[PDB]
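Peer 1: Take a look at the letters that make up each chain.
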Amino acid sequence: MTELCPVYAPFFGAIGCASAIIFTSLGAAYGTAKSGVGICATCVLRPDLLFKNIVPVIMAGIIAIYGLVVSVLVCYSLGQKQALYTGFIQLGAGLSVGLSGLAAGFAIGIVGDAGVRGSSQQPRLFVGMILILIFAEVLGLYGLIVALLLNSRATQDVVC
Amino acid sequence: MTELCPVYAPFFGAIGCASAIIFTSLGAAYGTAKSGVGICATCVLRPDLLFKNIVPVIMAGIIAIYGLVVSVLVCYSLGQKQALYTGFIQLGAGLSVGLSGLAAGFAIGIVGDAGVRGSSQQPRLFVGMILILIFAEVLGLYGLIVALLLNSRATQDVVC
Amino acid sequence: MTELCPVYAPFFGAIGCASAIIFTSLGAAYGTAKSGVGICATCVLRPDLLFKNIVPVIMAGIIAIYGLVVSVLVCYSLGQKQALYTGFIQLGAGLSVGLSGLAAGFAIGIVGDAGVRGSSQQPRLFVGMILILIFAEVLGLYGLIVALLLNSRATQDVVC
Amino acid sequence: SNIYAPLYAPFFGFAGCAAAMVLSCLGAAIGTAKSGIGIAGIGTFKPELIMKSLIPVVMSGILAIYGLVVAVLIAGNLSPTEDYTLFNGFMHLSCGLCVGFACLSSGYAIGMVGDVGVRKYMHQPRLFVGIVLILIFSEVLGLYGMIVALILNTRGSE
Amino acid sequence: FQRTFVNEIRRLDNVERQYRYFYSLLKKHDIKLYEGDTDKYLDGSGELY
Amino acid sequence: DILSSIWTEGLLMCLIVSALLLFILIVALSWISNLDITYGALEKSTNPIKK
Amino acid sequence: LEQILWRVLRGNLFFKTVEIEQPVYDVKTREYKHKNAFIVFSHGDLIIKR
Amino acid sequence: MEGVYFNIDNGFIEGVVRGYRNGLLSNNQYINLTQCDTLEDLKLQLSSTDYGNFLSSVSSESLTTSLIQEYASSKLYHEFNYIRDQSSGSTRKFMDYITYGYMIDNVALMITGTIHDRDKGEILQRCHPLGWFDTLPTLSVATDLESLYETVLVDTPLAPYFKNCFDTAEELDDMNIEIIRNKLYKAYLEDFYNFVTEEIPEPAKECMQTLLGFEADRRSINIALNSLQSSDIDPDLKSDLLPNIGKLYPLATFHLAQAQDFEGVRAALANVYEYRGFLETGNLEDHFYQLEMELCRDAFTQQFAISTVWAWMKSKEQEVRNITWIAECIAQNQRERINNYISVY
Amino acid sequence: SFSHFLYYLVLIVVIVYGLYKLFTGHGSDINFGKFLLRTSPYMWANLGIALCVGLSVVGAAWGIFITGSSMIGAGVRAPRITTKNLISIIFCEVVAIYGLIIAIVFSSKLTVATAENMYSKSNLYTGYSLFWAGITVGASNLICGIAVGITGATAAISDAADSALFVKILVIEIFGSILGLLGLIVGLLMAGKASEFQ
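Residue numbers (UniProt numbering), protein chains in the order written: chain A, 1 to 160; chain B, 1 to 160; chain C, 1 to 160; chain D, 7 to 164; chain E, 51 to 99; chain F, 213 to 263; chain G, 199 to 248; chain H, 1 to 345; chain I, 16 to 213.
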């Protein structure tokens, strides 16, 4: 009711909650899809290598965990009478992990595809792929860190 | 003015009346054109198939008849002071057959284009074409049925 | 102003009047152009067929006359103080003949171009081309029929 | 009248319900269509492998069930005789978006992996256990969406 | 090609080719082929001839 | 307590209906624009190499 | 033909064409075709041969 | 995705073409064909297959291996022209692009066949019918690339490809034509590859890029090996004959251009995995045909992709080569090599 | 590209207009809520019904031409497939029946409301209900029809190769057909509690 707490305030929080999962899922799916094409193409000649070079799929999958963790955290913080400021912070947290996770997914997809194909020809290259994927992976972690910091302030020192 | 009869109410009736014949005309034209080329493409070598193969053009024409029928029926219910409820009924009737006939005309065109060509090389295939083509035609009929149902309620106990 | 006769009412009349001729002229222009190329491309080898191949242009030309008739009819009904209802009906009539005529224009253009080219190889195909063109031509006629019905109802029982 | 329950609130509740089911079908439709092309692709070359390789199609079908469950739960809460609050309206809107786009994203990955998976499985019979393992990681993407959708629905009405 | 009556068929196949060739010339010079009576042998009657 | 003195509920209803109809029309014309004639079948072509 | 000859003669082409009113029969092709008579003017021996 | 729009125009084409694919001779049918005693038996055996009555008009004593090749090929060409005639738009462009390669070979055959004094009557019977264009026989007029270009070739679809040919000598011989022939192929494939990259949708784009890539590689290796017959050639001249689109480009192509003996070429390929076995063992010619069929077989596993036309064409072309090889062994009564037909299906 | 330029232009115009109203303090003018309250519920209902049958028919038609063209193309060499594969056409056509059925059910609720009761709680609820329910049935049938149609094309082209493949691939087709039926079930649930326009 009060000007600081309009009845439409939860909208921004609710969109932020969904945003965390929408974009992370797209990042994880793209990373899984294009990595899978690389794995399936190489294993015809080198089937013994499959469980070693599957790693990129794990890396892509973890991006979805980030989205789930942030989405649940804001979800347990939504409320019928929450302040408008709380809504904006939750929206920022959702976008932060969401679109940053999408960026990580595209990186993992491209690097994983090329890395897996190359690793079938040159065993020395595998550790190279893992290092480059770690740098791609960390782009998701940075987004999560910002999202968690934002969410921690979503209700601190707030007044209705 | 009257709350149930705003001065803009007839617009939805007029545009719905026009929409019924416009969208069906575009569907029928596409069906006539795409299959008509197929008839020309085959008859140069097999002219005796001409009047046997013309069926797709016939069926495309029927779709326009449905559009004309609905357009006439709603047109006979237009009036300056008609209620807003009547207006949206007329829009629903016109849009239902229009959007339906548009799709039916396209399907008749694409199937008919293939059908007459196949008829040339495999004589058993003509009946196969006819069977498929009916189930494109009927899709325009379902649009007509909904239009007739909605139109039947256009003036039933409506009061300004 | 009397709310059944807003100052902007004749806007829809004017656009309806212009739309009737504009869109049909585009349809007739496409029919003349597309089939015109076919006539020229064939008659270089077969000049004897020239005045038999002209028919698709004539039929495409008729499509324009439908719009001229409707445009003139609604034109005589415009006025400084016409009812808004009369405006919508004039708009509906214009769009009906216009866009329906445009659809017929495409069909005559395509089948006309294909027809005359095929008719150069196989003289028995000319009757087939004419028969198909009539089904395409009729689509414009349906557009005219709806337009005349709407116009007949555009000024009865109005209370401007 | 209760200011937290304006009469337009049900609009957003239904919008979430529609988003839940429509997008889930889109995800399921892509997954089966892409997989079907792969299954049919090997048909003329190795007929034996089909019945033991429809796994992508079956898993792609589960995505529709995720959508159905959430859509059913939302539709069970909306009523004309209850003071359905605007807060609940937004929460059910997010329910649809979460499960909807999660299933759409999962369906796309299942389709892409399923296609090349079976389509090259004919060249290398040892490949199959790998394909199933990748599909599972592609599958759970949809499951995460349902989990949050159920939590949102639980809190919205309370 | 190893079925026992292959060579007997080849003779009659060659004649059939030649009859096809004759029919082509009839059409080149536009001469009507005469019509035999369809019922001169039998019509599904099982009648011996 | 009106919605607007310009963008009345009456005007908006007309516009979004018009937008829907215009969208359907554009999609329809977008398909019609892609009708290509199968010229190869209509025009005789010959060479001395074939039988 | 005239398109080719125009280039060969660098635009000095003097060229005439006349119709034959009825199809001519090409038995080896088993078809009949329209035909044209034509004539080209030049003096150079090598040009005539080409 | 691919299937949503493909069938608006290509649905009939894709269906019919796969009808032809279902008619490709299987290994079991080849085995049966190899056990014929005489060509007259081969005709009877083939009549069981999709070829049917295609030789029904040929007298017993007229059967010869050359004639079977002609009739088997003519069946393919009519089917190709039918498929092209029933097509439009981007598909029509794609099928025309397939023909260009054949008319390039006809051009080089036409010129070489008249640098040596024999009249066009023989040559036109040796030409490949898919490569016909109405001014083709006019190339018999002159023995000079400048004359041939300005008078005829400017009008052909091949005109853009001659950008690097005019730098050659003023006099034509077998060697100079072979340089011209390869220079044209280089621009043709590079142009074809760009058209595929721009105007063909997925998954045909990726599949077709693979098929043209292999085609470019095959030309590159063949050019390198053939150059070893010459005493010496400028490496910077050889580099103008190698196409840029292949898998060998740029690394292996650079080393191939500078190779001067068989060991140099063998070293140049050894760093590329897909071809590492080609020169060390066996007949090089058959290895390419083996890999070509396997790439074609993969392409058929797609659907709603126009690449099936290319796969069908190149596949059934190999079938004719298989039929004629078997026919020759039968006609010559020597059979130790008869099982060297090559077939994936 | 012109179309994408138009999209960005619309986006920029919307953002600038939003900021203009916001910064001048009149940000409450846009008010989507009031728009939903003042628009007549008959519009939402009729758009729901019309698009329900409309989009459903587009689905059936789109599927039919994908399968039909493939059947005719593949049938040239093997006519036997033309009758057996008619099942694929049926699975496409049926989603139009589902759309038709919902159009019957929803039509029963289009009574005329009393003027004093025009915008009341129940009438607005029915307006929103039939709109989204109609969109849900329509869109899901559109998606289902295309997915089944694509599957049917692969089935027909497989049957022309080996008859034993047909029964194996039809399993993918019935799996696809379920999507439309689930759409129908959710449609009937969403519209279940909606009262007639009082």
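Derived from the structure by calculation, the hints contain no laboratory data.
Careful, some of the hints might be misleading.
Stated by the list, open to error - Heads up, simulated PhoX-like pairs for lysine-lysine below, C-alpha to C-alpha not over 25 Å straight-line:
1. H:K183 - F:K262
2. H:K93 - F:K256
3. H:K163 - H:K93
4. F:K256 - E:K77
5. H:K247 - D:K52
6. E:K82 - F:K262
7. F:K256 - G:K231
8. G:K233 - F:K262
9. E:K78 - F:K263
10. F:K256 - B:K52
11. G:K233 - E:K78
12. I:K183 - D:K58
13. H:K205 - H:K314
14. H:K183 - H:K93
15. G:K247 - G:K214
16. G:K226 - H:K120
17. F:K262 - H:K314
18. F:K256 - E:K78
19. H:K93 - G:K226
20. I:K99 - D:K52
21. F:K256 - G:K233
22. G:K233 - F:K263
23. G:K226 - C:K52
24. G:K226 - E:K82
25. B:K81 - I:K124
26. I:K208 - I:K124
27. F:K263 - E:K90
28. E:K78 - G:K231
29. I:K136 - I:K124
30. H:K314 - H:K75
31. I:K99 - I:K208
32. F:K263 - H:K163
33. G:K214 - F:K263
34. G:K226 - E:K77
35. G:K231 - E:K77
36. H:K75 - F:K262
37. H:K183 - H:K247
38. G:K247 - H:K120
Peer 1: Evaluate each hint against the coordinates.
Peer 2: How the hints compare with the structure:
1. Note on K183 (chain H) and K262 (chain F): the hinted pairing is violated, with a Cα-Cα distance of about 29 Å set against a maximum of 25 Å.
2. With a C-alpha separation of about 18 Å, the suggested pair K93 (chain H) and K256 (chain F) falls inside the 25 Å cut-off, and the hint holds.
3. Between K163 (chain H) and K93 (chain H), the direct Cα distance comes to roughly 22 Å. Compliance with the 25 Å bound is thereby established for this hinted pair.
4. For the hint pairing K256 (chain F) with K77 (chain E), the CA-to-CA distance comes to about 24 Å; that is within 25 Å, so the pair holds.
5. Taking the CA atoms of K247 (chain H) and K52 (chain D), the gap is near 30 Å; set against the 25 Å cutoff, the hint is violated.
6. At roughly 30 Å between alpha-carbon atoms, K82 (chain E) and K262 (chain F) are farther apart than 25 Å, so this suggested pair is violated.
7. Straight-line distance between C-alpha atoms of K256 (chain F) and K231 (chain G) comes to about 13 Å, which keeps the hinted pair within the 25 Å bound.
8. A hinted pair counts as satisfied when its Cα atoms are at most 25 Å apart, and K233 (chain G) with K262 (chain F) qualifies at roughly 22 Å.
9. Between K78 (chain E) and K263 (chain F), the direct Cα distance comes to roughly 18 Å. Compliance with the 25 Å bound is thereby established for this hinted pair.
10. For the proposed pair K256 (chain F) and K52 (chain B), the alpha carbon gap of about 24 Å is at most 25 Å, so the pair holds.
11. About 23 Å separates the Cα atoms of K233 (chain G) and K78 (chain E), which keeps this hinted pair within 25 Å; it holds.
12. With a C-alpha separation of about 11 Å, the suggested pairing of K183 (chain I) with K58 (chain D) holds against the 25 Å cut-off.
13. Distance hint between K205 (chain H) and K314 (chain H) is fulfilled; the C-alpha atoms sit about 18 Å from each other, no more than 25 Å.
14. Distance restraint check for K183 (chain H) and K93 (chain H): the Cα-Cα separation of roughly 22 Å lies within the 25 Å cut-off, and the hinted pair is therefore satisfied.
15. Distance hint between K247 (chain G) and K214 (chain G) is fulfilled; the C-alpha atoms sit about 19 Å from each other, no more than 25 Å.
16. Restraint check for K226 (chain G) and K120 (chain H): satisfied, since their Cα atoms lie roughly 18 Å apart, inside the 25 Å limit.
17. As the CA atoms of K262 (chain F) and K314 (chain H) are separated by approximately 20 Å, the hinted pair is consistent with the 25 Å bound.
18. With a CA separation close to 22 Å, the supplied pair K256 (chain F) and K78 (chain E) stays within the 25 Å bound.
19. Using a Cα cut-off of 25 Å, the hinted pair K93 (chain H) and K226 (chain G) is violated, with the two alpha carbons roughly 33 Å apart.
20. Annotation: proposed proximity of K99 (chain I) to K52 (chain D) holds, straight-line Cα distance about 23 Å (limit 25 Å).
21. A hinted pair counts as satisfied when its Cα atoms are at most 25 Å apart, and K256 (chain F) with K233 (chain G) qualifies at roughly 17 Å.
22. Only pairs whose Cα atoms come within 25 Å are accepted, and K233 (chain G) paired with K263 (chain F) is accepted, the gap being roughly 22 Å.
23. For the given pair, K226 (chain G) sits about 33 Å from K52 (chain C) by alpha-carbon distance, which is inconsistent with the 25 Å threshold.
24. Proximity of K226 (chain G) to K82 (chain E) is assessed by CA-CA distance (about 24 Å); at most 25 Å being required, the pair is judged to hold.
25. For the proposed pair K81 (chain B) and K124 (chain I), the alpha carbon gap of about 24 Å is at most 25 Å, so the pair holds.
26. With a CA separation close to 11 Å, the supplied pair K208 (chain I) and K124 (chain I) stays within the 25 Å bound.
27. For a cut-off of 25 Å, the pair hint linking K263 (chain F) to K90 (chain E) is broken: about 41 Å separates their Cα positions.
28. Annotation: proposed proximity of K78 (chain E) to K231 (chain G) holds, straight-line Cα distance about 17 Å (limit 25 Å).
29. Distance hint between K136 (chain I) and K124 (chain I) is fulfilled; the C-alpha atoms sit about 16 Å from each other, no more than 25 Å.
30. A hinted pair counts as satisfied when its Cα atoms are at most 25 Å apart, and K314 (chain H) with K75 (chain H) qualifies at roughly 14 Å.
31. Among the hinted pairs, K99 (chain I) with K208 (chain I) is inconsistent with the structure: their alpha-carbon atoms are about 43 Å apart, more than 25 Å.
32. Among the hinted pairs, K263 (chain F) with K163 (chain H) is inconsistent with the structure: their alpha-carbon atoms are about 36 Å apart, more than 25 Å.
33. Distance restraint check for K214 (chain G) and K263 (chain F): the Cα-Cα separation of roughly 34 Å exceeds the 25 Å cut-off, and the hinted pair is therefore not satisfied.
34. Straight-line distance between C-alpha atoms of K226 (chain G) and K77 (chain E) comes to about 16 Å, which keeps the hinted pair within the 25 Å bound.
35. Taken as a hint, the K231 (chain G) and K77 (chain E) pair is honoured in the structure, with Cα atoms around 20 Å apart against an allowance of 25 Å.
36. Restraint check for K75 (chain H) and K262 (chain F): satisfied, since their Cα atoms lie roughly 10 Å apart, inside the 25 Å limit.
37. With a CA separation close to 19 Å, the supplied pair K183 (chain H) and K247 (chain H) stays within the 25 Å bound.
38. In summary, the hint linking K247 (chain G) to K120 (chain H) is supported, as the alpha carbons are separated by about 17 Å, within the 25 Å threshold.
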